[PDB]
Amino acid sequence: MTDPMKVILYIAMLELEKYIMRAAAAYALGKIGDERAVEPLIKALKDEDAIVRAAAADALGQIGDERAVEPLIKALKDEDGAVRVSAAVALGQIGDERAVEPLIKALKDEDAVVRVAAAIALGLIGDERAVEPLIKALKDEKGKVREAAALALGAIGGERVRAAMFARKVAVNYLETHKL
Amino acid sequence: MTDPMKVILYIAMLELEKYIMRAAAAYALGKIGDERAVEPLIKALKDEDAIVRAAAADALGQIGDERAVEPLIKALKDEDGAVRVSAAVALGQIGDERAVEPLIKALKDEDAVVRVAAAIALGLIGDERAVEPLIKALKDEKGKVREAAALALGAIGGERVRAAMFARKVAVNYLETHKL
Amino acid sequence: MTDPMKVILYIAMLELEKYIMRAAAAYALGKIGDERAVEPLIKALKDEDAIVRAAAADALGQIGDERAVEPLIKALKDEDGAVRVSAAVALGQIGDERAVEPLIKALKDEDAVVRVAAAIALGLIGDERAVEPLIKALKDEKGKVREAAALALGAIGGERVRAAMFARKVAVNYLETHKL
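Chains as they are written, first to last, in the working numbering: chain B, 1 to 180; chain A, 1 to 180; chain V, 1 to 180.
These aren't lab readings, by the way, just hints derived from the structure by calculation. All C-beta atoms in this analysis are idealised placements derived from N, C-alpha and C, irrespective of residue type, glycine included. Please note that the accuracy of each hint is not assured.
Computed footprint of chain A on chain V; a stretch qualifies when at least three of its residues, placed anywhere within it, have a C-beta under 8 Å from a C-beta of chain A [as the list claims (entries may be wrong)]: (1) 2-16; (2) 135-141; (3) 156-166.
Below, simulated DSSO-like cross-link-like pairs (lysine-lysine); rule was C-alpha separation at most 27 Å, straight line [claimed, not checked]: (4) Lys6(A) with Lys46(V); (5) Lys77(V) with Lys46(V); (6) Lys77(B) with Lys6(B); (7) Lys74(V) with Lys179(A); (8) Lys142(V) with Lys74(V); (9) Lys142(B) with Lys31(V); (10) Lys139(V) with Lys6(A).
From the derived model, a few chain A residues whose C-beta atoms are all more than 10 Å from chain B [what the hints assert, rightly or not]: (11) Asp3; (12) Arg36; (13) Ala54; (14) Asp80; (15) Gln93; (16) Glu141; (17) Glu147; (18) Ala167.
So here's chain B without its partners, still in its complex pose:
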């Protein structure tokens, strides 16, 4: 089975009645990385089942096609926290600067998992506009949100991060990391 065959087959399987088969298809298309799946998966972002929407968003992140930026920014407002997580991470992996301001807003999402996801996505994008919000997130009441904000700050780097550089131990290791 050539990869073109797989893509056509798994794209067609996005219309199967079982939500599990649709999510497995969306995940498969993500692994292959063929851009023929982008618009179909963008449509899958409106699937009735949240599991399908999360899989489609996660797959679009793998493919890394900028066409999915605006739909995934719309997906950031999904009712299901799992979907907002995948949308956030998928936007980080895509790396398009357009996702920064919607992600900064996601950084105050009520769901701490979404906040964690929002923190990491900003680190992947690397836009310096995320430094200040990420430092405020180092004060988050949820420990895992803080850890995510620290890792994201390290991923950005840059002179501005060096300037700004729990929070004490992060910068110390960051500064020692920076010198090394």
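Mind docking chains A and V on chain B? Use the hints.
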């Protein structure tokens, strides 16, 4: 854990109450490829849960053991479209000529996903009896069915396909492909 | 995405409402192998959904951190057979001798799948205390339990196994195996 251990364990897990665990087991046995799983997975083709039946059929396709041909041809008549998809593809990957006529019939299945799956399976088998039906499928009302029929025709190749060689663009690229 | 990011993200996803997303997270952490996930997955061993508990136990087996021994021995008493399977195998992969006596008891679990799982885990641990029980398991009414006991005996090896070495064909191949 040696692969023999895995096979015995995942074969035993085909009897767990959770349909998800049974499908995950069937999928695992498919990845290992040990033929000890063939008859158990042939039995799994009658599992109550369609997800299990699709996983067992997909796994049998991976193993490529001709013992699964007749049961999978029976699986082609399954009530659940996802199961008929896996049965069709599994028969294509197995490549046994016995599956041609049942697959040609599947090429007119009401479910377009099944038709897509039927088209690709015939391309994998490579039997020239599928040329004429596949050309009629190039006129399918569903675009993805046509694309599948074109790819399948290219996979068969052969002088007869060259003789016969949307439809216009397929043969042109096919003929230019053929010369190159 | 650096592996530290993934770990923090998938650890955070152990709190998503969808049991599927929690199990997928637990499985992901298992593949990465980062020990930051051990205590979170130990907590996941009490998840309401059996699928999550089985995934967390299976992931802990992959990580191989001895901290999971006592919780997984407690997991061996889980109401759901799939969970007891994963707990048993996870203890085998961890290889801690403390799991031998609880596994020997699991070898008489009413669920034959659990017995299969218990047999293999003892083979992975290699503790000679399992020889006698494993030989009695060669008389199990379930064929797959016997096959598992034979493979486990071969994995232990040792002079004591050589001393002791369906059952006839196992030792013959074992003795011929031993000489070769």
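task: For the pair supplied as a hint, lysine 6(A) and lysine 46(V), confirm whether the alpha-carbon distance does not exceed 27 Å.
output: Holds: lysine 6(A) and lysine 46(V) sit about 26 Å apart, inside 27 Å.
Distance restraint between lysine 77(B) and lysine 6(B), which requires alpha-carbon spacing of 27 Å or less: Violated: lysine 77(B) and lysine 6(B) sit about 31 Å apart, past 27 Å.
- prompt: Beyond 10 Å from chain B, beta-carbon-wise, is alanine 167(A)?
  reply: Given a closest Cβ separation of 16 Å, the condition holds.
- prompt: Would you say the stretch 135-141 of chain V counts as covered by chain A, given the rule of at least 3 residues with C-beta under 8 Å?
  reply: n = 0 at 8 Å, threshold three: violated.
message: Three residues or more, CB to CB closer than 8 Å: is that satisfied between the stretch 2-16 of chain V and chain A?
response: Since three or more residues must qualify, the claim that chain A covers the stretch 2-16 of chain V is violated, with 0 doing so at under 8 Å.
Proposed proximity, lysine 31(V) with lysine 142(B) (alpha carbon, max 27 Å): 25 Å, holds
message: How does the stretch 156-166 of chain V fare against chain A when you require at least three residues with a CB closer than 8 Å, holds or violated?
response: Per the Cβ count (0), the hint is violated.
task: With 10 Å as the threshold, tell me whether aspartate 80(A) passes as away from chain B on beta-carbon distances.
output: 8 Å, violated
message: Beyond 10 Å on every Cβ pair: is that true for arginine 36(A) relative to chain B?
response: 24 Å, holds
Reported absence of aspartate 3(A) from the contact zone with chain B (all CB gaps over 10 Å): Correct as stated: the minimum Cβ-Cβ distance to chain B is 23 Å, above 10 Å.
task: Decide, holds or violated, for the assertion that all CB atoms of chain B are farther than 10 Å from the CB of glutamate 141(A).
output: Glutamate 141(A) is indeed farther than 10 Å from all Cβ atoms of chain B, at 14 Å.
field: Distance rule for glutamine 93(A), whose beta carbon must clear each one in chain B by more than 10 Å
entry: 7 Å, violated
Violation of the numbered hints given earlier is confined to hints 1, 2, 3, 6, 7, 13, 14, 15, 17; the remaining hints are satisfied by the structure.
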